[PDB]
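In structure tokens, the next block holds one chain alone, the form deposited in one PDB entry.
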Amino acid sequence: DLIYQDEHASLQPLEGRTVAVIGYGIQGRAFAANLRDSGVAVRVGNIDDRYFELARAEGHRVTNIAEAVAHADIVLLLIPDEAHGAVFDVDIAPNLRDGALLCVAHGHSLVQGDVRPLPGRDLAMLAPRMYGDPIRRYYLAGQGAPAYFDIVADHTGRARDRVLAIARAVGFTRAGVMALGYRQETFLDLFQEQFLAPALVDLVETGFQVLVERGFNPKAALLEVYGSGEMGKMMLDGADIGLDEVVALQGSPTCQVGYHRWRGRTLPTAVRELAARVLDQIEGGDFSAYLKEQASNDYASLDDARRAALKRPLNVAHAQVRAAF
């Protein structure tokens, strides 16, 4: 495994170079803010909207995307993946200076083919593992977000040092920056969204329903299941020292005994089989198909699931809790 930190990365490759940040959302504003604080010359490329006005008002050298790319050596494409293909073809590819570098913040856009290698220019992924605002927090708190990187096209032979110079300027090198293919990163993102995320909430919901069906106070049921933030905190503390280690160091004897009675025995094999069924759907291409179909409806059936979800006892109870507290 190949993991770079502050000692293995240098700010030298950015000296006298202009970085263009495309977008000024939760991702864009964080990168832009850190780069500037690290002494990197940063321009903001953005469309005529509210986000553009914010960048100008916060002192950044802000123009339309095309202008920003023309006046830049490293370009950071930090807008939604839905916009990449169009912006890439019209703004980026035509104006990208000879020997310049293009970076995306995950592999979604590269796997889709919306962003592609260009003869005479470098292309990379530099994907923080924390989305948006934390990147700004961690940085100002002397820390940084862990990140993956992949050199897609190294037509200069300078991509790696420049990629890691950005990674360092933004703070990612402090935690550490590991090498991993954009394709695998994309499949981990989708897997977290399609198996893990739903399965946590389904489980949380199952606990709520069983308590309510057994005549426990619904507001209290929801509060303990996740409403407290206690389940939230455990999973954040777990990321530091380990999930079992949280129970050992923080938990009481009555808690530890009870936890360990059911640890490794709550799930039938059926769960494992679905985790593989979900991966099949991502690697095989069955999801890539599913998604295109939703987008053709204008995400009509998605907006039904949005509204269907809020009718569920859990989301009914949540509204009743927030109102009361």
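Residue numbers count along the first chain shown, from 1. We call the rigid core whatever largest set of C-alpha positions still superposes within 1.5 Å between the two forms. Compared with the form deposited in another entry:
Superposing the two forms on their core leaves just one of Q143, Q250, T206, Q184 with a Cα displacement of at least 2 Å between the two forms, namely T206. When the larger part is held fixed by a C-alpha superposition, the smaller rigid part turns by 12° between the two forms.
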Given for the second form:
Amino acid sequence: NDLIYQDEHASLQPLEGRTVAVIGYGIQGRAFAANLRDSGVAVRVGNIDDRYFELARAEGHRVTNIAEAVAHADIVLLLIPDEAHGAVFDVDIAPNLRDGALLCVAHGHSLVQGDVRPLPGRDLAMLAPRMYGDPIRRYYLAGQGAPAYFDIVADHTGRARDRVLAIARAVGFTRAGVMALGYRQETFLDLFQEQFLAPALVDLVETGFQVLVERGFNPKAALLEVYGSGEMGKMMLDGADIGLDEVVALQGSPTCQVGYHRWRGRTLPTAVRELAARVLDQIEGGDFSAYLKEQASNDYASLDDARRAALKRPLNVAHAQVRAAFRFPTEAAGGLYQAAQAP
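Return the structure block for the form deposited in another entry; the form deposited in one PDB entry was the one displayed.
Excluded here are partners and other molecules; the one chain stands alone.
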């Protein structure tokens, strides 16, 4: 039933002689810009006057204001925060978007809210990666890719689909798989992962730490076991490949497997499933959308306070103590986004 594109279902032919304007040079923008350039696609970056403008210049990109980038582009990727879409679309994009040009968003939220809208004579699409920037870039350089969902919202040209999938191939998403999914469903899925799953996973790791520390366990050891060692991370990432219960079957001692299966499906009270439903209601009904616009109206002042408050929590105090005392294995990220060969 599902429509999933891999390398055999896309080509770079539709990008021959075309310029892509990458609007934004943040988590997504930098990854798209780097992968597109290395794939032999003509890229220019449109960015406001901030640290990202200078980074784009530092990493060898042709950088201008947003309006000028859009004016000289056949394809425009709008890779800036979703609350900024409305103003940038109205002022910078819509007036400068050429006849037959394609506009892409990496998240359906601005489409659901009507902040980005179809324009006569132009194509509108969602190409939404299921991964953040650093892994999109590392996977690409390894001849691999992150998954993505796509939706052709408007297709005046009749060539929107092949151009979207050509971008997807150039950035490496088709090496994993690019699946058709409506922008509205993508929005709700995406916000659910960020508002229920991620907070609940960290809350669970934190609960583990807090209980162990209170029961007289060495705080450094407690932190390492609940995530600091990387073991829980490796389980979840290896789990993505072969399956979560399968990782336990293959890599777990009999003691570990017996323990795991004793409590598997018995740890959570019904209230967690009930909360998941409540979070979806806030996301679908407009409650979250209103909450977000209030938080954005102050240049995310509340968010800055929350971020600084989070670093004071015992879990993050213990993290700093563990990281100073134990060396964690990491790859050098220095030249990660500088020019490379097509893999």
